[PDB]
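One structure below.
Here the complex is missing a single protein chain, while all its other protein chains stay put.
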Amino acid sequence: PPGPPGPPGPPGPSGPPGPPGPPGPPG
Amino acid sequence: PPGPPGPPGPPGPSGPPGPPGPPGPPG
Partner (left out) sequence: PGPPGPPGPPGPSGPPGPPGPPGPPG
């Protein structure tokens, strides 16, 4: 018979960068 | 005999977006 399934793969890539922060306050 | 284990699985999903950046500098 076939062997058992292999183990899980490695973790995936890092996610994308977050968005820019909010504007600084007006002068 | 049972065969050997299978190969490792594929890489997982990409991770989630990062957090927003900090506020910009004041005007």
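When the chains are written out, they are named A and B in that same order, and each has its own residue count from 1.
By our rule, contacts are C-beta pairs under 8 Å (C-beta built on N, C-alpha and C of every residue); 3 or more make two chains touch, one makes a residue touch a chain.
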Missing-chain contacts mapped onto chain A: 1-27
Where the missing chain touches chain B, by residue: 1-27
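We adopt the following convention: only the chains that are shown with their structure count from here on.
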Euclidean distance of C-alpha centroids - chain A vs chain B, Å: 3
